[PDB]
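Trainee: Residues per chain are reported as follows:
Number of protein chains: 6
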Amino acid sequence: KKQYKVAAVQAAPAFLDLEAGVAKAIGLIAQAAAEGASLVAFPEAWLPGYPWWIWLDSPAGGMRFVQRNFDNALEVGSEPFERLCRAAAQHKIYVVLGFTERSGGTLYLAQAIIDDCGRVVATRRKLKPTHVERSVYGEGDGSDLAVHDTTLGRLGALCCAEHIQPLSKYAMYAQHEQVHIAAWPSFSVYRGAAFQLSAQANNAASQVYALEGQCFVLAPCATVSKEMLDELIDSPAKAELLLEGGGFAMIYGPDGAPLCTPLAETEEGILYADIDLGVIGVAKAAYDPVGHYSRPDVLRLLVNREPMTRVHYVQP
Amino acid sequence: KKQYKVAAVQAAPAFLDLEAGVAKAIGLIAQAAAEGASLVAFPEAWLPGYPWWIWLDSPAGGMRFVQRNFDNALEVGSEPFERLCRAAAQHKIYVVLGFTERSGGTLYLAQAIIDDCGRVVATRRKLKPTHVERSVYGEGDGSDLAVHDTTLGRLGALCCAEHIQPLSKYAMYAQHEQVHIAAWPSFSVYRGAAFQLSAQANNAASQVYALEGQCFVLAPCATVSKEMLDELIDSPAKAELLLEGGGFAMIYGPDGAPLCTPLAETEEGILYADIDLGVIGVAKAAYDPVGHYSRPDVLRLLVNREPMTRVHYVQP
Amino acid sequence: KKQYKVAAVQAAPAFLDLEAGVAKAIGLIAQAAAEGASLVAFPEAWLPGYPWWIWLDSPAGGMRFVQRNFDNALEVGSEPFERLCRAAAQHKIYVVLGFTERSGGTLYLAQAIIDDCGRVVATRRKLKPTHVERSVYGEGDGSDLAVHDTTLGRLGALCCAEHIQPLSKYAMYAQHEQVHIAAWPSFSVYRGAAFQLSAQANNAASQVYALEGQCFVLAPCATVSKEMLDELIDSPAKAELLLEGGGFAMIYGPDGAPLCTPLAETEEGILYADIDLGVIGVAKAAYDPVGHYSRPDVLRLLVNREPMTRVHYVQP
Amino acid sequence: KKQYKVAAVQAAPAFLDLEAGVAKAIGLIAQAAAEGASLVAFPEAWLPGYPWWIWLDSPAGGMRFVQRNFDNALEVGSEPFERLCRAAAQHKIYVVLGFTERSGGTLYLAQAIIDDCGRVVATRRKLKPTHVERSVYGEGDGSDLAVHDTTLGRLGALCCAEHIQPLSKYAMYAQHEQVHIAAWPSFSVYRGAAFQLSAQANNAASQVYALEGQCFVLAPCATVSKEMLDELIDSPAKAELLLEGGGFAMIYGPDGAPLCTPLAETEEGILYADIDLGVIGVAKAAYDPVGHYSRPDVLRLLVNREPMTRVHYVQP
Amino acid sequence: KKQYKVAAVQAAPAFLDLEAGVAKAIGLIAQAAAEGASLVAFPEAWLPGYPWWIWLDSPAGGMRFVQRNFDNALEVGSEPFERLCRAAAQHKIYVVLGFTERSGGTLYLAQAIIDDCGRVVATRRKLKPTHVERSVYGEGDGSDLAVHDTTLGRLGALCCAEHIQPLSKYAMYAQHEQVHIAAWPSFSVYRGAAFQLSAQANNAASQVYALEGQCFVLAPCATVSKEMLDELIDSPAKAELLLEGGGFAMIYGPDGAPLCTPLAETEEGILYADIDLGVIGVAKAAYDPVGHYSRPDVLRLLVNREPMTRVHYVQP
Amino acid sequence: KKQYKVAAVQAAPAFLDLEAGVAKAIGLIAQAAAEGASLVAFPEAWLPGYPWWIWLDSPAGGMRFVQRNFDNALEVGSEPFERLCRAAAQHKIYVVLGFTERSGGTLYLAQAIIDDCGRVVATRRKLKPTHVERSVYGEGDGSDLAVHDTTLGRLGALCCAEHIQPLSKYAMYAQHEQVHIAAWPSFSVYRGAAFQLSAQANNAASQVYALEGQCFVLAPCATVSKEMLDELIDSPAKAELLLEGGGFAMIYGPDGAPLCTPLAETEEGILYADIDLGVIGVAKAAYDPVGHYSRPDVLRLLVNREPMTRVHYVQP
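Residue numbers (the deposited numbering), protein chains in the order written: chain L, 5 to 320; chain J, 5 to 320; chain K, 5 to 320; chain H, 5 to 320; chain I, 5 to 320; chain G, 5 to 320.
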């Protein structure tokens, strides 16, 4: 399909209840196809919602959320995952979820591209979580540096810090990507105290990904809502550590131009844009980091593509 | 079922009489269920009793017990075993036996998990007997490194020195275990003369198994009795080598904390603890040796799960 | 040399001053050598001090310590490092440091074994920081699971949560290690409230390493102090999260028995024990997880010993 | 029945008459049962007699015995076999015959275990005749390596140099055999001139079968007699080749100890031993080639148990 | 070389001293080489001495010998091994040692064939120690079932209860072995009271190995002596369990016939026999378990020869 | 090559001297090539000679030849075999040797077809020795029923009473054989006293192979010389059991007609025949056992072509 509409979600998660998260994702999946989108993309960790206590508290102050986050993690192929999987067929739309996965006992910061036929194209995990997220989540492999053939073309995804990581994004450029989902949390954490968590920094990370890879970058970004702070702030010394709003979702074209009509910082919504894969031919006239711009006489990528495992079982 | 009470036996075996052992086991299986335990765990070798002569004399001094150990061995699916299988249905309690098995004429140091529907989930043999237990018992294999799905969750068992073998417990962690039966004998042997047989060594081995796996360790433990010393002690030179008591049964949470009430070293009883498979999520926030707290780029286990057979029959 | 005295330090670091930390290190290198110990072992991150703010606050509360921890991090072959190296040579004693390494923009949770003639036997990075330590530290490789031939036998080191890692300690056991430094931070963080961080959990893990490995384990342990808390606590919401004391250094024999005479929890000092590498043959008559207590037909370790570089320059 | 008397025959055959052979076998079956033996075992080829001309003559000097050996071969389920089958029932004794079977054109060196109720437990052909016996007999099958449950326990049979075949007797041990009939010819052939045909060699091969298998080896044996030599020695160049006597019948316990009272080399009789199947558990403490003493990770037996038909009939 | 003299040692070890034991070996190597023997075979565990305390007491009574046995166990390729290695070259004799090997933390019951030119043809560990020997030793693997071409024909070794293991000796026969070393410890343990440990059981096991295999079996055998019992008996309850003497060394032809002139039970000596590898063609007329007497359509051996490492180090 | 001369040896072996026998084979190989024969065929067992003592003596009278048969058995790819292999090249003739193979411990009644290029097409063991030959030799298997493409067409070999085995020669016909080597021993044994060993019986069996198969049958035949009898006769009671001569070599057409010039019985020589593989199409007009004259709706052969091994080695 050579041209289509795409949706980036700018919405507050149903923070630490999986089922209300799933029900709101179903309503946004429906709403994206009702406005005519062929793809919808969700924010980082959005089922059951991003683990905000890690930025607000010591590990001890997090412990009231740890059991809840683990008991509300979305396992791939669970009944709350099939509710999202069928909803992608029931609305004939590609869904890029962002979620907390669990496997046995470890949480992973995960994403899943779901087909028009309401089945996984591929699930995914973040290779390296960001510094305090490493206390919640485990790690992905080079098998999570994957760009897939879909009816929408060469479709791939990464989340927050994986846009900062140069070899991690070059591994995605190496697969001749056309459309990208850059999943982000809310940029209301540490407002004006630490620039690396700011919308200014992380919209530049996404804009530069669109310009370096020459692909359309959906940048869905969560928002922190009024009632979510009443669960999550216990004192006035934590109030300026996480604000209401933080929604700075964006969509960028293959030359770093923003394609989205704006939303306010506190505004829940979905951004929509028009995607023509033939514009990538013009955008690649300037730059192509794995074609005409590359010097394989100077720099190459060495990449372990294989999925890793803790145990090998001997077969007779 | 995620919240339930569990029982660890601290009881003396009816030493070297299987019909008295099975009768006492069915009494303790009833007594655990009468106190509302959904699982009961028994000590290592408890039917017909742990072979204490190997710690007390030469093979020539042990010969008065070798036909008695063999003739009171508990063959799996023999009528004395089906009496214990029916007792798990008759009281709607998971039974985790520890016993001497026999097959042909090799004895094995064995265990069996039995459903509350009164059927085996798995019988199971120790992979390697401890240095002088090798003079009595044969080896298991990788088919005995199994964690089983049960109504009570991912349930597994190992016995004594298998808690001191790191690859053998990595194989159990790789199966995402939730509750564990760490079966032990009476720690009254070689008191002060050898620390590897002590309460303090093997309670640390059970506490660390819980802390490493993030699973609830039931550690049932036998105890030695006056009328068992009358069978098993003949002289003051042997009387220093094995004391009355040695009952140090324990139960541990997935954070490593002891959940049990105390029992005196000489006291027969059953320990009880309230399990919640929901707590495993909090324990796994700190460590998970097969998940976030692992290095599959640096370390992996190879395991041969397949049951070994001495003879293969060609089938036409 | 098969028989010798050994030291485990129990001391508060000169918290976030490397030049006071090194002066105090050299003062304890002297106190150990003055008591006649051939080996002195230091706690985890003891130069310049363990990053306790990770346990007491959010990253935004931690920010005031981050630049100071980086500036007081100890680089390998730095002038403060050569000072420690010369102090081992000056006193004819093996020194096992625990320090924050700095190497590029990344800190590592490191250790160094210094020879009695003052050179590194090894400089060594923790393979995986514990869940919130990952917010401060990078990772080692299988280059850092290494045991060394020395004047003191086969000598090795790991720290805190690396004893809660069955493959990571089997990788050490497979190298036929005789003496081990199990370096720990203070055990006064989250007293009662998180058992995994307690003395009972981590004295068990150190004792079970001595008992699984049949190697003498020196477990040096930090302590927290009045004038360290006066910089690190500011409110009752932090006050019970890290108590004064927390010193539970121990020394264990290859059968797991505690060889150290006690100290108070609040007390600084050096623990000592008389070591005899002949006694390993007695303990290894019972268990040897890489010898007679091992089943390579069923279980093996796959291990990658190669150090991991980020760039591979094309050699001309 | 776990404790019982058993009988090994030491008797000269009624050489080359099947009718006097069956009359003498019934005379011995009666004499064994009158003594309270629950089993009697007969020598190799005892009906109608072992083919001694193969050891004394060329095939041309043998011709006068071939038609007689063929005429007096025992057809299984024929009238003279039924005459023995009835004599087992009549006396309530297990009979282990050793005979020349005939089937169609071909002779087999054969055995039959006959029940207390006088019916065949099994009829059994030697897998490989020894040396010049291959000029008389055909081969058996993997169906002839059979150990049977009986009122007497796990009962099996092999004849002469099948106790010299290590895989063949591993196939018998793998069935957890408890009582064994090692049927032999008589050890008066080539006295001093060949040791492999001797009493010392083949009594050791039987004694080692017991010691290896941990089972009671009844070793019945023929004896040569004056009236047999007067049919079979015709010249001086044979007078030293086959002597009178050669009866070295034995019975061995599962520890290898001889249980029989000594007969003379040249005396007819029946050896009696008091068997106790409980004793096999003491013998299996030390050795068990198929259990605790095996290594099925290093060695296995592949066995084809299917009997070898020469012709297959297509069925519509 | 096809005709040669061979020597089987019958001597007491210098019990629990490797330096006195290697001197006594270097003397008996020289004494055999002076008589014209081209091969000398030594007993089982003869350096530093077979571990008789396992047969005489509990583990707790054995603890006084465990460090002495570990500290006098012979590392392969260490100076006291190279002393024996040089003594083989120095006298132009093949030496088949039997010794307690120590490799890392574990003892092994071991044998080594040293060449005429003073270098190892093989070094070799027992596949499975006998039932209470397992309280001292680890297991070998399939690389210890090896037969070697030499100046002396196809040469091989097994020790004591490996002659009792039908697949373990079919693995040897399958390699077409011509000369065998059957190393034994002294047969004075449990005189009368356990036949499995007796001279009669194990002289028959060696005879039957020679008779089954058609190879010359040298069966050297230790002896116990007054000076060994003074260290090892403290009382009459042990005094009756291990007598002085037990030397029942033998040498057998490929027909099973004893080639040795007898010694007395307590006598030290060396047995000598004229070996002729041409005679194996005559003895293989009767029997050949891997040739004309085999049935590979009914029975085959599966064997895993690969050496069993506990760790696999990943190659770059 | 469709037309050529062929040679069948009628000659006495150099009885029991392999070096003298290979000199005589190389002489006869040259004498056939000088006559322009493109193939030469040798009798059964002809290197070193047929084991005639088995038809003349008991095993005890045969003992003087067993070592002399075994030590003069021809190993394939040993030097005296290479000597015959080079003689096939040196003269540009196909050589079909018949010999006693030795492989390990066992003799085989064997054949080897060698190219004009002086290399083995195949070496080949008899599937079943004839009744007393089974006291000398082992069995081949289905890999020994092969027919080979050569320069000379579909070439195959069997020996003596394998022409008396209907399935064994159907297995050859099924491969569309064109020239056959039917190797025999001498026909001077049991003259008049056993017709199965006669010239008439086995000339008929050779003639019927040609008639049944529609292939040219070279029947080379040994003959018995005076100086062979002088070693092999001693008593007068053998003087008529094996006579001088017994050379009844023949060569037969695919219609069964004799192509050879008649040698006398007692005469050494080489028979020569003009072979034309075109004539086979006229003989196959009448009969074809595997083609137009077969009924594969009524009758089929099942055949296991695969070579039999006693031991299988597990490869990692």
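Honestly, the hints are just simulated from the structure, not real lab data. Treat the hints with care, as some may be off.
Identical chains blur together in the list; that is why a pair holds if it fits in one copy or across any two.
Unchecked claim - Taking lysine-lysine pairs in the DSBU-like style, the calculated list, with each CA pair at most 30 Å apart, reads:
id: 1; residue 1: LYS288; residue 2: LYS242
id: 2; residue 1: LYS96; residue 2: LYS242
id: 3; residue 1: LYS5; residue 2: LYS242
id: 4; residue 1: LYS28; residue 2: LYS5
id: 5; residue 1: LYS288; residue 2: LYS28
id: 6; residue 1: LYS230; residue 2: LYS242
id: 7; residue 1: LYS6; residue 2: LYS230
id: 8; residue 1: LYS132; residue 2: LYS5
id: 9; residue 1: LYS9; residue 2: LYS242
id: 10; residue 1: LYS96; residue 2: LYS6
id: 11; residue 1: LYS6; residue 2: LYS242
Trainee: With identical chains, the pair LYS6 and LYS242 could be close in the same copy or across copies; at 30 Å between alpha carbons, which is it: within, between, both, or neither?
Mentor: neither (47 Å within a copy, 34 Å between copies)
Trainee: How would you classify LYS28 and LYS5 at a CA-CA limit of 30 Å: within, between, both, or neither?
Mentor: Cα proximity of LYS28 and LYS5: in one copy and across copies (28 Å, 29 Å).
Trainee: Tell me, please, which holds for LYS6 and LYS230 at an alpha-carbon limit of 30 Å: within, between, both or neither?
Mentor: neither (40 Å within a copy, 33 Å between copies)
Trainee: Within, between, both or neither: how does the pair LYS288, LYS242 come out at a Cα-Cα threshold of 30 Å?
Mentor: The answer is between: 24 Å across copies meets 30 Å, while 46 Å in one copy does not.
Trainee: Evaluate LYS96 and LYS242 at a C-alpha cut-off of 30 Å and name the case that applies: within, between, both or neither.
Mentor: Neither: 42 Å inside a copy, 48 Å across copies.
Trainee: As a check of your reading, is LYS288 near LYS28 (CA-CA no more than 30 Å) within one copy, between copies, both or neither?
Mentor: between (38 Å within a copy, 29 Å between copies)
Trainee: State whether the alpha carbon distance between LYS9 and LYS242 is at most 30 Å within one copy, between copies, both, or neither.
Mentor: Result: close neither inside a copy nor across copies, 40 Å intra and 35 Å inter.
Trainee: As a check of your reading, is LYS96 near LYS6 (CA-CA no more than 30 Å) within one copy, between copies, both or neither?
Mentor: Within one copy, since 16 Å is at most 30 Å while 38 Å is not.
Trainee: Regarding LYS132 and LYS5, is the shortest C-alpha distance of 30 Å or less found within a copy, between copies, in both, or in neither?
Mentor: neither (33 Å within a copy, 34 Å between copies)
Trainee: For the identical chains here, do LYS230 and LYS242 meet the 30 Å Cα criterion within one copy, between copies, both, or neither?
Mentor: both (14 Å within a copy, 27 Å between copies)
Trainee: Which holds for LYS5 with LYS242 at a C-alpha limit of 30 Å: within a copy, between copies, both or neither?
Mentor: This pair counts as neither: shortest intra-copy Cα distance 47 Å, inter-copy 38 Å.
The structure shown violates the earlier hints numbered 2, 3, 7, 8, 9, 11.
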